[PDB]
Every structure is written in C-alpha cells, then in structure tokens.
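This is what each chain is made of:
There are 2 protein chains.
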Amino acid sequence: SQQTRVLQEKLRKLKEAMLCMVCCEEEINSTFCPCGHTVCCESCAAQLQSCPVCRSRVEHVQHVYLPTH
Amino acid sequence: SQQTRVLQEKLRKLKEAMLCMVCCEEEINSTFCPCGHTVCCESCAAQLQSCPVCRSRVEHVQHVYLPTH
Ligand SMILES: C[C@H]1CNC[C@H](CO)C1
Ligand SMILES: [Zn+2]
Ligand SMILES: [Zn+2]
Ligand SMILES: [Zn+2]
Ligand SMILES: [Zn+2]
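So the sequences go chain by chain: A and B.
For the first sequence, the positions run 368 to 436 when the deposited numbering is used.
For the second sequence, the positions run 368 to 436 when the deposited numbering is used.
Just so you know, the hints here were simulated from the structure itself, not pulled from any lab data.
It is possible that some hints are incorrect.
Any copy will do: because identical chains look the same in the list, a pair fits if it lies in one copy or spans two.
Unchecked claim - Straight-line Cα separation of at most 20 Å, SDA-like style, residue types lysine to any residue; simulated pairs:
1) 377 to 417
2) 377 to 419
3) 380 to 408
4) 380 to 413
5) 382 to 396
6) 382 to 409
7) 380 to 424
8) 380 to 435
9) 377 to 388
10) 382 to 400
11) 382 to 423
12) 377 to 425
13) 380 to 392
Produce the complete structure using the sequences and hints provided.
Dropping the structure here:
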C-alpha cells in the first residue's frame, strides 16, 4: 500500500544516517575526541586533523561499538 | 498489507537498537572509554563503574553526537 512506501522511506533514511559522511559507503564507527562528533568510518577518520562538522582539533579517535552495527 | 506489518517491525527494532540498553527509555548518546561500547544514555552511563557489555572499568564517559539523534 501507500503506507508500505512511507515505511520503506523512513527505514532508508535512518540507514543512510548511519553511513560515513565522507565516503558514504561504510558504517560510522569512530568518534573525534574531545568534540564527540561521530560521523565517520575508521579509514576516513584516520587522517583528519580537525573535525569535519565543528572544526575542533582532533586530539584522538575513539572506536565505537554500536548495537546497530 | 502483510509487508506493512513486516516493515513496521523492522523500523521498531532499528529504533529500539538506538535506545539505552539499561533504562530502555532514552537515546544512546554516550561511550564508555576506553572499551568503546556505546550502549547507554548519559544518565545510566554516569552511574556505571564497569561496562555493562564487557565488564571493563570505565575510565570516563565520552558524549557522542550522532547524525541519527
Ligand atoms: C536529552 C534528555 C535525555 N535524558 C534525560 C535528560 C533530562 O534532562 C535529557
Ligand atoms: Zn568513510
Ligand atoms: Zn566536532
Ligand atoms: Zn539509560
Ligand atoms: Zn565495554
């Protein structure tokens, strides 16, 4: 039904929000510290000096294990 | 249709996976460091001395800003 299409769209958008903002291919699994922005996969987070969201210096990257992984 | 019920179940389970594993009421927004398990809201995370997934000591809690928030 049209309701099935609405639910498909909601699911698709939630799933896309869990993907890396740089490569758009891998799941987010890394946090920039200390700002806390958690928006990249490990590979894309590895060489950034500053956060791509807030420009704060990245002191280190914390790996995150999320139940949605 | 029956597919509407299946999609509602998939959406409900994905949303439940983003809720705190301890209180079941608030969104996950906190990481236990250094283990990386990201399974609690800020209120339950503040009250735990050991990670509820792996039992490692919590040195500190990092707030995470996720695009799914
Ligand atoms: C964003 C809320 C999540 N946990 C409850 C808190 C009450 O101030 C804040
Ligand atoms: Zn990436
Ligand atoms: Zn940031
Ligand atoms: Zn909680
Ligand atoms: Zn842990």
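Taking the hints in turn, this is what the structure says about them:
| no. | hint | in the structure |
| --- | --- | --- |
| 1 | 377 to 417 | neither (31 Å within a copy, 35 Å between copies) |
| 2 | 377 to 419 | neither (25 Å within a copy, 31 Å between copies) |
| 3 | 380 to 408 | within (18 Å within a copy, 23 Å between copies) |
| 4 | 380 to 413 | neither (26 Å within a copy, 31 Å between copies) |
| 5 | 382 to 396 | both (14 Å within a copy, 17 Å between copies) |
| 6 | 382 to 409 | within (18 Å within a copy, 24 Å between copies) |
| 7 | 380 to 424 | neither (29 Å within a copy, 36 Å between copies) |
| 8 | 380 to 435 | both (14 Å within a copy, 9 Å between copies) |
| 9 | 377 to 388 | within (18 Å within a copy, 23 Å between copies) |
| 10 | 382 to 400 | neither (24 Å within a copy, 26 Å between copies) |
| 11 | 382 to 423 | neither (27 Å within a copy, 30 Å between copies) |
| 12 | 377 to 425 | neither (32 Å within a copy, 35 Å between copies) |
| 13 | 380 to 392 | within (14 Å within a copy, 22 Å between copies) |
In terms of the numbered hints stated before, the structure departs from hints 1, 2, 4, 7, 10, 11, 12, listed from lowest to highest.
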